[PDB]
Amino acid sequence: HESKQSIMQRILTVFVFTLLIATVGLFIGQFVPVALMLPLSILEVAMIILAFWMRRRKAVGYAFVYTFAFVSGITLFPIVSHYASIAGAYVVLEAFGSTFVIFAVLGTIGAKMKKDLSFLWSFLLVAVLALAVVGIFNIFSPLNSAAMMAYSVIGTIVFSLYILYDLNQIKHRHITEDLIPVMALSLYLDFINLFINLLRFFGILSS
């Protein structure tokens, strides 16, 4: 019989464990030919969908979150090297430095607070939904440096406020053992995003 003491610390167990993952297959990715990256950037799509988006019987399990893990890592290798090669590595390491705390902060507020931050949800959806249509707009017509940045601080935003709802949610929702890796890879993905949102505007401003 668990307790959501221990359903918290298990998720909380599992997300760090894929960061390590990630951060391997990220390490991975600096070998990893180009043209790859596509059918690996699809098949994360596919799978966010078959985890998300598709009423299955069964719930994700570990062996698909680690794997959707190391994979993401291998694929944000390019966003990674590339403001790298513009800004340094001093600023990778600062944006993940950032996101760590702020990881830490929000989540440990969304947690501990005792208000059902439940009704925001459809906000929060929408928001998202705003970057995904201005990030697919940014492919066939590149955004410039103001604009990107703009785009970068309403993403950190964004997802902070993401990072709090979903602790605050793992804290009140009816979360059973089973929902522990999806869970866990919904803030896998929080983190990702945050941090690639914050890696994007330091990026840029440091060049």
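Numbering follows the first chain given and starts at 1. For the two forms, the rigid core is made up of the largest set of C-alpha atoms that agree within 1.5 Å on superposition. What changes on going to the form deposited in another entry:
Just one residue from the list 67, 41, 145, 138 crosses the 2 Å line for C-alpha shift between these two forms on a rigid core fit, and it is 41.
A movement of the C-alpha atom of residue 27 falling short of 2 angstroms is seen between these two forms when the two forms are aligned on their rigid core.
After superposing the rigid core, the C-alpha of residue 161 moves by less than 2 Å between these two forms. Core-superposed comparison between these two forms: the Cα of residue 51 travels 2 Å or more.
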The other form holds:
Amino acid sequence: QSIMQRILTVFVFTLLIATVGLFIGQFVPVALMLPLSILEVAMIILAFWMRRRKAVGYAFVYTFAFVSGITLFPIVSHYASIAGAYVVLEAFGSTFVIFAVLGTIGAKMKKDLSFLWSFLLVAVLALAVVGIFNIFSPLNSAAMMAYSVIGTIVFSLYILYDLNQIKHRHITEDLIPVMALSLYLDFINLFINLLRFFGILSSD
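Right, the form deposited in one PDB entry is done, so what does the form deposited in another entry look like?
Here you get just the chain by itself.
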């Protein structure tokens, strides 16, 4: 009925569409698979880009959710292989409770967190730079673990912020796709960071 529920209705469908993509993604051969470095940082770059995009439709978000799902399996399989499959469940479980807890608090809190926009914008740019640096010169385990905890905190704060702005701002019906897409990217980026963190933590 309300705009918040319609956004979260779209959000759940992108999760479902992504899960089918993830299943399909297992059949991609190693020849057609991009480097792990590139795949991880591309999601940070798209999270930044898709936030500032104008006039996004329902066809874009659902097709994006599907394709991104396919390009998530290489990362999932990597960290499951180096540290056991249990880290994928730990990562997904931790993402789900963080999103539920922070999403609920953000959506019903009386304080308006609009002032954080600049703080979170520069943090994503920093992660983007360090992620791009990682392609050419790969960071060691401890720097990657440090990078992962920081990314976890930034993308946890974005969920709080995003649900908070949905309540506090006058969101028109034409922004339902773009707001759900940002929730999807926040979720996916939080998952990747927890997965890498717990992946490396159990790696040695």
